[PDB]
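Visitor: Each chain is listed here by its residues.
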Amino acid sequence: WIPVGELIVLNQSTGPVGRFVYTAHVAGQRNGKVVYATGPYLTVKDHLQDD
Amino acid sequence: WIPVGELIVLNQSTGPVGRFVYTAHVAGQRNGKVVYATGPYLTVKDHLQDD
Amino acid sequence: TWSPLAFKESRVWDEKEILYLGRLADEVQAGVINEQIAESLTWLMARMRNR
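Chains as they are written, first to last, in our numbering: chain P, 82 to 132; chain S, 82 to 132; chain V, -7 to 43.
Honestly, the hints are just simulated from the structure, not real lab data.
You may find that some hints are simply not true.
The calculated EDC-like cross-link candidates involving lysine to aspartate or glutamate, where the alpha carbons are at most 16 Å apart (straight line), are [unchecked claim]:
no., chain 1, residue 1, chain 2, residue 2
1, P, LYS114, V, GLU9
2, P, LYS126, S, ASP131
3, S, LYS126, V, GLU1
4, P, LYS114, S, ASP127
DEER-style ranges, computed between Cβ atoms [to be verified]:
no., chain 1, residue 1, chain 2, residue 2, range
5, S, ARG100, P, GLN110, 35 to 43 Å
6, V, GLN21, S, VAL115, 41 to 49 Å
7, P, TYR103, V, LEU36, 29 to 37 Å
8, V, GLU31, P, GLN93, 50 to 58 Å
9, S, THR124, V, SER(-5), 41 to 49 Å
10, V, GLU9, S, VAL85, 40 to 48 Å
11, S, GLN130, V, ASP18, 25 to 33 Å
The C-beta atom is built at its ideal place from N, Cα and C for all residues, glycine as well.
Using the sequences and the hints given, assemble the complete structure.
Guide: Quick look at the structure:
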């Protein structure tokens, strides 16, 4: 992962350097209103009645 | 609405001149039987989980 | 004899503007589409009364 003749040099601290942000996506509806969610999602499409 | 130099002249009765009629449209089914309705309808199609 | 007339119409909201639009003054977590459809739902009722 770190290439063979290379190294990293950490500066003033060794803590969390940055942040990863999940933003919103579209979920289903609840009462005719669009519902939203963040992070990863898994949608299920049971077309178990088609021809 | 009634224009400027114009007027309307009624006749033998001042009651309702005519009638507005709604006819039947196809609503959803209830128990496998097609159910009908009259008047203005308003249908919602949510495809909030597709491609 | 007498036979009626038919008239209907539709409107669709695509995928970008459902989750991307908030208010113009502040910062909003994506709930303005539910405000904006309910006006547009009321507007189509005014279309049929106008017709």
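Visitor: Run every hint past the structure and note whether it holds.
Guide: Tested hints:
1. P:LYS114 <-> V:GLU9: holds, 14 Å
2. P:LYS126 <-> S:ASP131: holds, 8 Å
3. S:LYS126 <-> V:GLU1: holds, 13 Å
4. P:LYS114 <-> S:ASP127: At roughly 10 Å apart (the allowed maximum being 16 Å), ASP127 (chain S) and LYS114 (chain P) satisfy the hint.
5. S:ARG100 <-> P:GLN110: 35 to 43 Å: About 40 Å separates the Cβ atoms of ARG100 (chain S) and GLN110 (chain P), which means 35 to 43 Å holds.
6. V:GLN21 <-> S:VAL115: 41 to 49 Å: Given range 41 to 49 Å: holds, Cβ gap about 42 Å.
7. P:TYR103 <-> V:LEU36: 29 to 37 Å: holds, 36 Å
8. V:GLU31 <-> P:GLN93: 50 to 58 Å: holds, 53 Å
9. S:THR124 <-> V:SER(-5): 41 to 49 Å: Cβ of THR124 (chain S) to Cβ of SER(-5) (chain V): about 24 Å, so the range 41 to 49 Å is violated.
10. V:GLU9 <-> S:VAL85: 40 to 48 Å: For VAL85 (chain S) against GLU9 (chain V), whose Cβ atoms are near 45 Å apart, the range 40 to 48 Å holds.
11. S:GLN130 <-> V:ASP18: 25 to 33 Å: holds, 29 Å
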